[PDB]
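A.B. asks: For reference, the chains in residue letters:
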Amino acid sequence: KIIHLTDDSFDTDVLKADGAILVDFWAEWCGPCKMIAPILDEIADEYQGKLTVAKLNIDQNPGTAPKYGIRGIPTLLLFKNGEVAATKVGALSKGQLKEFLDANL
Amino acid sequence: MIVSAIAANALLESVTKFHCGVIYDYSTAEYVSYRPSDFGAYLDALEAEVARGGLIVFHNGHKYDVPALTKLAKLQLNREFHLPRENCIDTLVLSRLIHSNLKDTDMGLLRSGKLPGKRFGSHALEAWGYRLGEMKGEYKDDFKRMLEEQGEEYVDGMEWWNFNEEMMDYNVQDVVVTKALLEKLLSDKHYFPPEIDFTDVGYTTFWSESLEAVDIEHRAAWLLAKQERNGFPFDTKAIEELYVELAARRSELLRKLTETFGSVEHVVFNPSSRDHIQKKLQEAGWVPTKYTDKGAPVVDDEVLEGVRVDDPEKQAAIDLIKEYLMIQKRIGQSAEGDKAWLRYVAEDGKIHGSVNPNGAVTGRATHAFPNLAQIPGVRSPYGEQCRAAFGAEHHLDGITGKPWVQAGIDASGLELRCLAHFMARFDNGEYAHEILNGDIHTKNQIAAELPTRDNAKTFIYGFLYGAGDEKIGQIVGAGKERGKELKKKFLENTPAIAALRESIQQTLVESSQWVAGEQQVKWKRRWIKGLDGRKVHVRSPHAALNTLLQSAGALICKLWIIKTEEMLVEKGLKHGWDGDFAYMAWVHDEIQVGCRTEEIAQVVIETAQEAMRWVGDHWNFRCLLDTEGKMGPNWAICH
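These protein sequence lines are chains K and A, in that order.
For the first sequence, the positions run 3 to 107 when the deposited numbering is used.
For the second sequence, the positions run 1 to 263, 329 to 704 when the deposited numbering is used.
If you are wondering where the hints come from, they were derived from the structure by calculation, not from laboratory data.
List time: in silico DSS-like cross-link candidates among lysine-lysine, alpha-carbon distance up to 30 Å:
#1 K:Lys57 - A:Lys379
#2 K:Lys36 - A:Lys345
#3 A:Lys467 - A:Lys636
Each pair of labels, with its calculated beta carbon distance range:
#4 K:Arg73 - A:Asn164: 51 to 59 Å
#5 A:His607 - K:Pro64: 48 to 56 Å
#6 A:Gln585 - K:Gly33: 46 to 54 Å
#7 A:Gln343 - K:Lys96: 34 to 42 Å
#8 K:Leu107 - A:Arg373: 51 to 59 Å
#9 A:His607 - K:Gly33: 44 to 52 Å
#10 K:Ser95 - A:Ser338: 34 to 42 Å
#11 A:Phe261 - K:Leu107: 38 to 46 Å
#12 A:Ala543 - K:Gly92: 55 to 63 Å
#13 A:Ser338 - K:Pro64: 13 to 21 Å
Yeah, the Cβ is synthetic: ideal placement off N, Cα and C, and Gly gets one too.
If we strip away everything but chain A, and leave its shape as in the complex, we get:
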């Protein structure tokens, strides 16, 4: 096993030259420094560890270093350099896996003055250097301040434009923290058994003697990084053709929304910022019902629908304000935002939405710049146009010239089937078969005694995730009276659910106690074992069920999207826009895959189902898992 870290000129988008890199070998126990002319020998040293069957240690390498060394080897040395997924490890991913609960713990470390406040939550190398006491100095701050005082300002990352002997030394600095962070993660025996020294083993042994989550996470981070580089094809013109129709609607409404009113001070107010609707409704005679913790009256979509005033003009204007705020939201996400979609469209015509894998307590990843996991759906206004802008048809084939086709496959009722799995231990697969028998929402309706099946649908998820008795009662238009009795009745007709909280409470935990209206829910065990065996720190026993199921559901999907692509590669298909298919977006339980021909998409749909059954078989799931696929051009059709 070898440990390394590199230095380039810029980020993955416009990286052109390799500066330096250091490789510490655990067999030689000595560092090796490389320089911009030693780039060729650097690639050889990594291949040697691949030839021996060892491992290559990078921090943020699965997302940056390894694909950059793939990109840099093509334009500088004109050689193909690709590190296999099996013999490369990313400490950054392990950090997000092993120590998802650390800050948290860092509160005392933050109070200590040992850990910078700007690195409060970062799994980055610099954030870890102070934690290990190996930070002798940061190259990010020792350059910026030198730009102010020693002449000539700067804008965004210029400390990498060219090599310097201080960079060569801070490249070493990045390596020794990477080594020490690796050993800090290998010393956690919940994932890495003590009987095996993972610092001196082959790649075949490393994955197998480690916890299953360790293997998945490196497969997951590698896969999702490909999706980011795959990107989501984007019809720029279409969103532009909407900003015109919305800004005109905003401008025409803005003109009309100054026709009803009517305002050391001046006056110009328009529908935005809490001092707007609050200032006019308190002139149309509106008495606020629900307030907030700061004192200000609640002005959300809920209360606005019920705002009734004696003034017909003011009343009819409410619906005009309702439209305005919604117009700004779509505009503020697709055009008028700091993270607007139009700003992230690269030169290829695709949006490369980033994704932080299991760097999210339990399961589903986090998406940003832009958040691909909050594009308005087809059921919301103007969402049909929005979802249509994210489609494989917006990327023509680099060869045939044909518009690619999109395949949308989701996990059918993943949440309740995960629930059926943990409660099949007490009812002997009763609830699990009710899923297969169909209409589980009909049975939950009878079990909880609800008037409509839709009332059962909104009940089962809220109840499972720790909802009050008021909120449950508000489903049928009541309060905690009907709420308490609705939940207690559901528990009596579904014994297994209550018995599930026995096995969980008998795992074991502590005991709780109420003191005069304060929830003092303590606990002894604040970590649930997952399906892959990882620690899921969860929260208080007040809910926890939601975390257990969502951990189950999202970890299933992680293996699901991994096994599908492995089978697609196994079946012979090629991943990448120069191949046959490309992962575009992963949303909780659904994924969007670009496909060169409709025929390829059909195999994808079948393959996705085959992987979902293999996952269910692998972990011996007590309930049956299934998926449904939809073929089409864009996202509005595949969902």
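Same shape as in the complex, but just chain K:
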């Protein structure tokens, strides 16, 4: 229940989504990203109604991340109607991700 994004399909699926979009700017060679990957799978199931989980691999899509100034990954961006509502960097736990999402929705 997670959306995989490209550079072309980032303008419509996220910025024009009209809803809560949490985008993970991740990578294959990052340690903390592999740790938050199982957590996001469960978040997509529970938050299936008031939030949408999406992931962007910065290796196959190297054009989106610079426009948001990525200084560290994993980078969670809670998009709210084409605007960045809240941003947090680093592998959050399941209890920490839940706290983040319930606060911004």
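Model the placement of chain A on the given structure of chain K, informed by the hints.
C.D. replies: Coordinates of chain A only, in the frame set by chain K:
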């Protein structure tokens, strides 16, 4: 014989005032101190030793002290002061001659804590002071630390701006180490016979009772120092007009080389630093074949030419990277370098490339700041423009106003003729006549059974200098199988070469032994006698031939460039940009001579050949030596 050392305000470029100098006379056995007002009497004391027919001992004097005393006497006392080459000696040159093998030896001395690590390889006076136990302190460090702690910082050599009583004492300190270093060199009986006390003889006796190399080295260092002061005329505008065409090519390529790709992290990579091509070729599907000792894959010109990827865009981009790295190399040598050419062009419009004479184990000197002996050739890209920038035409005559002409003369096939000389002892001049008969590469081809003459050319030099059997086999596209048989066949058809390694091994040496894949090549004699009789420490018997020939070849050229100028002076020509000709660069077996008129260059070419035959006659060479001259404006024409 007298021993001295001086103190000036700066280096040879901008020296203006003489501070102090001390002269120890072996006859008086007492030192004499001079002060900035005693400069006039200092010049007289040196002339007195010249009038008696004695000697004047300097450290680094042939390159600095003596020409500085020539420069200082003109602007301060308005008098001509010139020390003849025959009655002046440079211990620094002898140090590079007698003890070329010392570090080396210094490993235990370095472990000892007696010898500073910053003076690990220096033949300088300070480096020698600790070796003799005469170092009571250094004036270079006792000043720098006094600039930090006692107020006011500093940038590059300010301890000579003006005289001080501590300098007058450290000027003495430089003299007594010079005296002790001289006696340490005179106590080596391979060069200086014991029957003669060289500390108390005339100049005529000193050169003749010494080893021939001793005489040559002082003539060599004196000559090369003149070439540095002569310098190489330089067209600054031309190199500038190339940096524009290259930086634009680099910038335009940099833009295009970001069009194919495509990259707590950010991304900006461009063609430089091993993390570049390695990061993209491992994305175009390239499996590295040859690696390195650290583990990293090999990314040189060789492998890049053969890198094949299924991606046409990536594949075509390889040749664009090939150009980029080459562009940086020329740029990094002529503009974007710490030792770039544009940075060394003095106010006269010439590049004064320095040269360390026989301070190089066996033969050819070392060049740096900038290395005049690695300017890209005419056969390499953009080298035509580069070589054109080094030309006598870039210096107009201070009188006639005409562009001077350049004369380029090289030693024709010097390496193989030296080989013909040492092997003429076993074939009675057979191989030597094959040089004269011509097409020695054709005979070597038949002897080693090679398909083409070019394959024989690349074989003869590699084989002579100790190449593996893989590398020899790779000439015909094979491995050690064809390599071993190619070398063994060459030895059977050329017996003299093998017999040469008998006379060398029977000189004598020790014996070697292999233990489970480790080369344990030991030896008893690690020093080959040269043509002038010097010690050439060489290496293991695995090659050594290369050192013997290169020692022969380079020492021949040293005498060659000495005898030519001596004859040019003898014929009446004058050396110096105010004369008729000027030595600009010496490269192994070729030299570049500036000439005031084309007519002068023609005499230079003939004279150079005449000196080469005299050298061959002097040392009774078994093979014939020859040279070829080329006349023209710049280096791209004379070579």
